[PDB]
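Given next, in structure tokens, is a single chain: the form deposited in one PDB entry.
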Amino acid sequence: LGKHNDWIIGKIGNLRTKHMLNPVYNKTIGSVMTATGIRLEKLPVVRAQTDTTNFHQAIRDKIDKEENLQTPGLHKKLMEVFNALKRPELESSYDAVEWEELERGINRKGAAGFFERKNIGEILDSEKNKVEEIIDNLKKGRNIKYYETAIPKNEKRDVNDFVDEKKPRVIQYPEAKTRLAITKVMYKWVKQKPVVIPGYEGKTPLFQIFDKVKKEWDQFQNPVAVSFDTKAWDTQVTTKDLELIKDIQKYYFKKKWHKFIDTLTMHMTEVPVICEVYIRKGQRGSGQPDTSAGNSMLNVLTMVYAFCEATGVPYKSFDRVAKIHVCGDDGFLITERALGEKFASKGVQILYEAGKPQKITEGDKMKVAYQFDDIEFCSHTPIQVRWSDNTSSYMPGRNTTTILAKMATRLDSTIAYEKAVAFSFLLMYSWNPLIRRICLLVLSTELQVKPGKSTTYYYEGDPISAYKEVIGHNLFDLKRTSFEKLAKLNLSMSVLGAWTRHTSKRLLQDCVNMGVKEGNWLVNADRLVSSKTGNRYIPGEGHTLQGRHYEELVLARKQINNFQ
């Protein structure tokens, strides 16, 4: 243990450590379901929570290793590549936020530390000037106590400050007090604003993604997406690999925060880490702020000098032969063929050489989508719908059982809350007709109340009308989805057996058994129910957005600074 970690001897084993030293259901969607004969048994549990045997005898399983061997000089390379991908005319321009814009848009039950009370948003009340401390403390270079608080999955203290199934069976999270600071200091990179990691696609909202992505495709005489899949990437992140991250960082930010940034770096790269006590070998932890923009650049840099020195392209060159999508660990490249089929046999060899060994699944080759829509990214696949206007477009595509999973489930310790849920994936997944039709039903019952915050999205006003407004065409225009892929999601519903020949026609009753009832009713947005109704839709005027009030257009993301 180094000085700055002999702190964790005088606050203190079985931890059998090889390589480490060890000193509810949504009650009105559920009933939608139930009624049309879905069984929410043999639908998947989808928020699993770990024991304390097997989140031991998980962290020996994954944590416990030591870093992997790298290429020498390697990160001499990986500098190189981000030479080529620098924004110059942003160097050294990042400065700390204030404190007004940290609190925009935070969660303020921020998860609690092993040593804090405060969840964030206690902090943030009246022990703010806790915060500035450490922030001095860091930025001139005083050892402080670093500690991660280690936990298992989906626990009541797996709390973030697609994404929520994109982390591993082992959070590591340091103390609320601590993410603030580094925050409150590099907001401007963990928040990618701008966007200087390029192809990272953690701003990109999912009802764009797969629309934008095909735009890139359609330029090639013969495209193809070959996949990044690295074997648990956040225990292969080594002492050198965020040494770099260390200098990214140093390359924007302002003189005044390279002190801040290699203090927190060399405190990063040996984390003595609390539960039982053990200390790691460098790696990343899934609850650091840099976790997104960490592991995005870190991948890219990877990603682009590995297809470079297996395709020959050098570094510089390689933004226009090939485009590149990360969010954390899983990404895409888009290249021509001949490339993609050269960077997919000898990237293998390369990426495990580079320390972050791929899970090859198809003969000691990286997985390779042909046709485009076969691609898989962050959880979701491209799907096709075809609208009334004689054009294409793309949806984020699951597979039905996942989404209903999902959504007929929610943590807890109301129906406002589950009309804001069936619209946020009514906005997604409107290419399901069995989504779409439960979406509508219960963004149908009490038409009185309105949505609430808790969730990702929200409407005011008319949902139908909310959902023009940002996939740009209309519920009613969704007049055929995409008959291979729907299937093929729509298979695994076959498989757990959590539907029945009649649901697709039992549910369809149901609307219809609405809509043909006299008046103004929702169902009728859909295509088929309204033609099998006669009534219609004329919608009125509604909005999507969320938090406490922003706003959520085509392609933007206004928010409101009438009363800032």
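Numbering follows the first chain given and starts at 1. Under this definition, the rigid core comprises the largest set of C-alpha atoms superposing within 1.5 Å between the forms. What changes on going to the form deposited in another entry:
- Of the residues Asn520, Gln49, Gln70, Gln509, exactly one exceeds or equals a 2 Å C-alpha shift between the two forms once the rigid core is aligned, and that residue is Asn520.
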Contents of the next structure:
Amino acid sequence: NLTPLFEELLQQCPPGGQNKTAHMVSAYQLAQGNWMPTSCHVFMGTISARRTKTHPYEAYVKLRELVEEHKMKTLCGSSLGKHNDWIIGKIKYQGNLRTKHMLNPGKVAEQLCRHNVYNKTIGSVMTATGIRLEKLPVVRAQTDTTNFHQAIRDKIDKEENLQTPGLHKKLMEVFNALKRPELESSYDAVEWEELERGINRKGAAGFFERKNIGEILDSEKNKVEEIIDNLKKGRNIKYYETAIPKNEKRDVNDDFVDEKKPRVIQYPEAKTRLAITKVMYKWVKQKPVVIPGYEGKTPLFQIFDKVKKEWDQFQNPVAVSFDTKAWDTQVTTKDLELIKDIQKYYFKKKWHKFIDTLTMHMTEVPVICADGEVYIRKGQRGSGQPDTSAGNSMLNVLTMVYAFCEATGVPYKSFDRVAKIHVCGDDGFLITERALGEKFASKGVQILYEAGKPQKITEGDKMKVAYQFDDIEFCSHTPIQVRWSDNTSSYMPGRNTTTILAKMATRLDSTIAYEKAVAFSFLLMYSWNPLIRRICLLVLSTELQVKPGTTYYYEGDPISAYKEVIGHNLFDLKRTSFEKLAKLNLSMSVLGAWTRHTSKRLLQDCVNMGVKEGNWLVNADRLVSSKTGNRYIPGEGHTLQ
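Next, give the form deposited in another entry, keeping in mind that what was shown is the form deposited in one PDB entry.
Chain only, nothing else included.
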């Protein structure tokens, strides 16, 4: 009766270990009365209790008393580490972050250095069909300095999560169930050439740097090699991260979902990022993949077909979603230490002192904000570290297998026999049989809280379950089935039409070639969406002399290029799933972004252009060509990046 009240309190208790000595009672037994909490330390949703016949509300006031007693004797003195001392010398002005859990030593001197504009061609195409641009959500919000420091105080300014005693030994036992011993002690640094192939030269400079990635490559390689040398020998470097709001000028990726970035971007200097990537390439880029389920290298237009083939081998498949609240701030020092031990498993012994020193620097990180304010972060992850994707994915896989096995009784070495997991940093889900998944979905919240990865406050304290394939959510997307004219069916990455329109029509800048790279990219993703697909085809049909400039672009003909990645011709897309299309279209009607005329004014504009003589891309749309009589004859075309 009082059970859900206790379930909520137990997610405020400090995690503890087993007891045996004392009777260990759950939130159920507590609300049944006649149990008195001896301690507030929780182990698997149990607490210790003396059978002294209490009132259920006396028990609750007791446990709550024990917890608040604990919380005030625990919020207490962070001595700065010698290797971070150098940042104090650069301090010039008093701090004003008002942080309650990490040092704010002050503010350094300001240093010597983008708004949301429309893509005019793409935007005018939408305006031309009655899509009302003013009703579309804002998709690239820039935070001002005051809400930025608020985001720091709100999300970063925290003490490290308590975790179950012995957790990381258990996680290490999960790792040993899925290591790849044929790769142990084999990873070595890579050559400049391999590094330079896969690296964005626009990659951002840190607070004290001036040159970006490409400029350091061109003229300051010796500075990167010196950092490698220091770390390799175990000497300290002047390691620091810079903090910027999401969608700031320096918010640039070194390598369609961009919602997978936190509000505060924290990133090491470009010299330092190159140093880490040169040595740890094979691990941070996952070449080869050793993280089970890792999908960070699978294209979004492929991922759901791959998952479908696994869903299809279960009697009663369900998927349980991982939804950790602000994952990067929940990463603890013991978590980083676990990743370090795993890296050292795969790396040759000559890089172990490198790995150790890097990790030490990452456990207490000086962070400089854009405005110069300094804070000292304990643990956590900066979203811009080269290890973010690989470290987070591995950490997520271990913690989720741990939680599932503790929850269901399945032993770690038996996970691969009853469940399939997929991860992209903190994002992911596992597929398994309905009984197993429902048992994991109810208990996972409390176990994952005690493992130091609290889940987003869900409905009834259960994790989200998908009972049908296309209710799965992953990388901001969800499966939508399409029908091909060869009588096959496949799945594409679905997402709300309102969100696709806003992403397509807007840009941060400080050219039609870029708009056609966007249109081709969105065509690769969203050709299941008749409205997106037709706008793409029109924009691509604009100024055909101009080559395209941006996750993907096409050499030669975009329609051929499409046929290469997707494996069908655009013209063979017969049908999109009726129900899932209606779901993904609802916010068009809720926001008033379209009207009853919009779908036909768009089709008409395509027919109007496609009946004309020539070779028109719009005629690659099955239904447009149906009404023009003309077809599109492709040239020779290839997808690149």
